[PDB]
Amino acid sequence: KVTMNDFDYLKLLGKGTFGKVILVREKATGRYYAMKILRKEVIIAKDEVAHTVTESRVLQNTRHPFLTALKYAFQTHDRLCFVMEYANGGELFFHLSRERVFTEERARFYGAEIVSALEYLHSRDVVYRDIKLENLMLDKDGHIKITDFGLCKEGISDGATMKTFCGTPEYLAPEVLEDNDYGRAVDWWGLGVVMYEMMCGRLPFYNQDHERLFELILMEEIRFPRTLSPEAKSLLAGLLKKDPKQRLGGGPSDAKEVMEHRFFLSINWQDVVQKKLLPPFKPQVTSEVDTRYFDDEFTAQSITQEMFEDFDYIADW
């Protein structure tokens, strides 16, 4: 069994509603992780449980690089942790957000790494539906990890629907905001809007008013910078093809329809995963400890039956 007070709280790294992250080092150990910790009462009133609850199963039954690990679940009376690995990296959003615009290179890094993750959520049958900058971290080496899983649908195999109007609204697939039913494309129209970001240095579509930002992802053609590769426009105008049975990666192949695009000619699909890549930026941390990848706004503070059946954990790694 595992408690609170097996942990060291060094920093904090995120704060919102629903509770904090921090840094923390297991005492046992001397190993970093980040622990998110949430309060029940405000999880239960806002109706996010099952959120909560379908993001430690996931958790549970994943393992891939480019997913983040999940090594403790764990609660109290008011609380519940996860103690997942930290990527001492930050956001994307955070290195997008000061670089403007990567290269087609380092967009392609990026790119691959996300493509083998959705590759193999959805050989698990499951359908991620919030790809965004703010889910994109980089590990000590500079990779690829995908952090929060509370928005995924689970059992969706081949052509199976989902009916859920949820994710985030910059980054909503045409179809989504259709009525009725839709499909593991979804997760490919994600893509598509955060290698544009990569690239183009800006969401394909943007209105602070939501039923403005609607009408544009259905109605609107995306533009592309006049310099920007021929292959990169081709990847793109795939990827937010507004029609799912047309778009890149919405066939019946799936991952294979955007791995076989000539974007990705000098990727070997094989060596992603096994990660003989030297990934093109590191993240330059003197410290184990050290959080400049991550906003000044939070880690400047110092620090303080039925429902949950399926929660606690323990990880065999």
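Residue numbers count along the first chain shown, from 1. By rigid core we mean the largest C-alpha set that fits within 1.5 Å across both forms. First, how it differs from the form deposited in another entry.
- Superposing the two forms on their core leaves just one of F214, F102, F74, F224 with a Cα displacement of at least 2 Å between these two forms, namely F74.
- In the core-superposed comparison between these two forms, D179 has its Cα shifted by at least 2 Å.
- When the rigid core is held fixed, the Cα atom of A28 travels 2 angstroms or more between these two forms.
- In a rigid-core overlay of the protein, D290 has its C-alpha displaced by at least 2 Å between these two forms.
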Given for the second form:
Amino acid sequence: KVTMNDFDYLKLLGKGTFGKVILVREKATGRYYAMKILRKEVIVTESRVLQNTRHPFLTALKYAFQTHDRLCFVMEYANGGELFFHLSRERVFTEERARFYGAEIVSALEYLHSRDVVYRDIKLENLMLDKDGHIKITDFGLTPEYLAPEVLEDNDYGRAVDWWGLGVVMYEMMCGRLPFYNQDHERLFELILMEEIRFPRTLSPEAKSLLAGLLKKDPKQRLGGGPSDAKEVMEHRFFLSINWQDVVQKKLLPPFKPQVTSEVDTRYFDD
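In place of the form deposited in one PDB entry, output the structure of the form deposited in another entry.
Here you get just the chain by itself.
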């Protein structure tokens, strides 16, 4: 069985109300993982559910053990760096790059929704790349929150919020900044709920169509908020060139390859 003594401490990946996430190395394999340490005190929809949700673009739960105090989840750790870091080193991504990343995300989401699982955390900080250029949706953050309108108005974490999160993520990928990046900030509540999001002119009209769709304020009208869930999104104008089987097969080539030797390469483990 796994136990605290099976790992070497590397650094803190994230702290939080729920607990913390540490970057560790399993002495037996020399392999790297992120260990989420949840206070039992503080605490279900997070345990087991993720424990089993396995998908190419979802971080995998390697081991799940518990101390008498906390709950520990050792999960695979992408070593190709964080999306935020790559994005910012380019200000924006080519629309085809957005595309490449968004589709791997759509693939994960279609999957989670097929199991009546709402992700709630689709956002740039939760995105990393693995050694090969492929996306890994993480479960934790190392930025203003852009909750979905129905979450702000009704505390309604239904399927749609994931599509809303997909839109905010690609809007930033293609524009280089959030939708209300300049407008103060304590304004976010009223802006998200009632301000129209405007799109740069430099955006292909399909891309402009996708964003306008993913960012609909009415879940009932969002691209993906319809009973067909992911399908509305997989079949959007913006998404034609795509081969979804290809997508989930990791058969697509990543438009960017992180500069790591092997998953063992610890070079992205800094800033």
